[PDB]
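Quick setup: one chain, the form deposited in one PDB entry, written in structure tokens, and binding and motion questions come after.
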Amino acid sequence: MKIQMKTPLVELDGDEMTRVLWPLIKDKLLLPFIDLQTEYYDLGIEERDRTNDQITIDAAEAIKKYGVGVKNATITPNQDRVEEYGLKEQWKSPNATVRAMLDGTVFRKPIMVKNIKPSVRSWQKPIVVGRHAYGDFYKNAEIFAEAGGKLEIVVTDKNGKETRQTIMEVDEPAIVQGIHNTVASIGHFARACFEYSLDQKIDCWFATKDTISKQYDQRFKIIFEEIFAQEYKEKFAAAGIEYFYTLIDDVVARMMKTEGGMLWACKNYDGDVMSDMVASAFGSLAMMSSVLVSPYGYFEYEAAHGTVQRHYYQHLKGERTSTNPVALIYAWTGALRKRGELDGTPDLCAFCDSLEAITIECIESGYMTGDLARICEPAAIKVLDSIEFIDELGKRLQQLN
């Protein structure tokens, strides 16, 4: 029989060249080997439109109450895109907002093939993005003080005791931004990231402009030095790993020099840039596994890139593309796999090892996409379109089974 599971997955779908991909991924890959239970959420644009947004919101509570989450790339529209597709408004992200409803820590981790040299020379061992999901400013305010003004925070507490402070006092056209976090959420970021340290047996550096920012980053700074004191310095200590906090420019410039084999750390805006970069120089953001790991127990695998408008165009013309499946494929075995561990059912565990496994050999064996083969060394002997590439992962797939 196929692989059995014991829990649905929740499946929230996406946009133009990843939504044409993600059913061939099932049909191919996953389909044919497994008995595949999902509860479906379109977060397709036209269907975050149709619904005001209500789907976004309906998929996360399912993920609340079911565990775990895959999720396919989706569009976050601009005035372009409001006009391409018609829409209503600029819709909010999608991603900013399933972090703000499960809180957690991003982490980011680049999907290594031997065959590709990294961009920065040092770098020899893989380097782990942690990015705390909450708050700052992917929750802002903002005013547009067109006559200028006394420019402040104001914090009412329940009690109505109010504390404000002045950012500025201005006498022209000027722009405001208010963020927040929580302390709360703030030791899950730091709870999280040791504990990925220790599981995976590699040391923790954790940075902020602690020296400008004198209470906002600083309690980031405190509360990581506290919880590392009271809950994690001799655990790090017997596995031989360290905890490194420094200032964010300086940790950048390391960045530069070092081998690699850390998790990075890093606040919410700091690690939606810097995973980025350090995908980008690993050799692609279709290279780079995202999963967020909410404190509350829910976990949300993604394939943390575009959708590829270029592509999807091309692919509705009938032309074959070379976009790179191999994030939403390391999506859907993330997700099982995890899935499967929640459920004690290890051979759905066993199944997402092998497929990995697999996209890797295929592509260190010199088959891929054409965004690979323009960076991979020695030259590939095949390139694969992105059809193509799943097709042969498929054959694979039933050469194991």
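C-alpha atoms forming the largest set that superposes within 1.5 Å between two forms make up the rigid core. Residue numbers count along the first chain shown, from 1. Compared with the form deposited in another entry:
Residue showing a CA shift of 2 Å or more between the two forms (rigid core superposed; candidates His311, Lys267, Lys71, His188): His311.
Once the rigid core is overlaid between the two forms, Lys150 counts among the residues whose Cα shifts by 2 Å or more. Superposed on the core, the two forms barely differ at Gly297: its CA moves less than 2 Å between the two forms. After superposing the rigid core, the C-alpha of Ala174 moves by 2 Å or more between the two forms.
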Given for the second form:
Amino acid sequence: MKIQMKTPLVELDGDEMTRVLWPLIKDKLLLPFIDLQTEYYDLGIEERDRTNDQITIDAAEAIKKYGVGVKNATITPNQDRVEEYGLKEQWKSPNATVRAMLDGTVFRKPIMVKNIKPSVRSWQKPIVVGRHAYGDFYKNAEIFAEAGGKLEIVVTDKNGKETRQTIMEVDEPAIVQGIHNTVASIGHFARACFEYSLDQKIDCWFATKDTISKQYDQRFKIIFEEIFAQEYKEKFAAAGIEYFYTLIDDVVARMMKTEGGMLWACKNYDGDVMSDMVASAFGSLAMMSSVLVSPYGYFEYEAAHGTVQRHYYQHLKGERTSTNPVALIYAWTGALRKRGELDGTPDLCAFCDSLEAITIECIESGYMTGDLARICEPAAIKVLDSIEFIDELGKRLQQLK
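Since the structure above is the form deposited in one PDB entry, I would like to see how the form deposited in another entry looks, so please show that one next.
Partners and other molecules have been left off, which leaves just the chain.
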């Protein structure tokens, strides 16, 4: 008989190459071994277009309801994408919508294998990116001021008190952006980071540009140093670990020379950019896990990479591709493990451990996708296309579940 689940996983489907890979993973790696229960939400671009993005909201509310979600990579449309898919509008990122509704910190960690050396010489130990999931430019307002003018931010309190600040006054076409964050969300982000550091017994590094952004970035800096002082200094001391703060340009300079082995806390944008930098340097974009940890008790598992649009275009031309499904597999296994821990179904957790170990063993034994074959030592035995890779994982699972 198959492994049973107590509570369904909330399943958010997606786009392009990852959409292609998603059913292969379920059909070959999960369904033969688990009577998989999920609440399914299709966040493909066409279904979001059809529902005016309502399906994205519905999926986020369902994660709140059940507690644990697993998300496939999605297209965030720009004007090229509006033309390409014939869209009603440039829909907001489904990641931005979901992350805003859950709140939290996205922990991104390289998935390491013995036959790939890091791009960065000194890196000997994993660097985890702790990415603030809330606010900043992921909920922006923007105006194209085609006739220029006085450009301002304006805050009106709930009793009508107005506070204004002028960005610039211009006599020419200009572009304008406004962003926000909240004291409470920044606070939950500091704590999530400090807790993660303690649990993993790693130092925590944080950086902003507080010299330039004196009320905004400096608030992050002050909140972290206050919360650390009042709540974590002694805990950290006791655990043999340290909190380090510096300016953002300095921190990335320092990072190129470190041995790694820390938690790098990052503001939302920085976390996006640097989780890609870190994943790439350690191996590839596919060799990274990503989990949003909400201060409200929710969890969301995902790949850190996107839809692999470029590979999807090759797929559309009838070509086999060698897109690496590792991150998508680890999103499923992370989510299923968490679900089985919360539900008290340890057989589910054990299978997740197995699938993960089998994924590593297969790559380390020399059967891998093209992203890893380019960078492994010694050279790969077989360079498997996406479906061949997944079939070999299913086979090792059938031979064990």
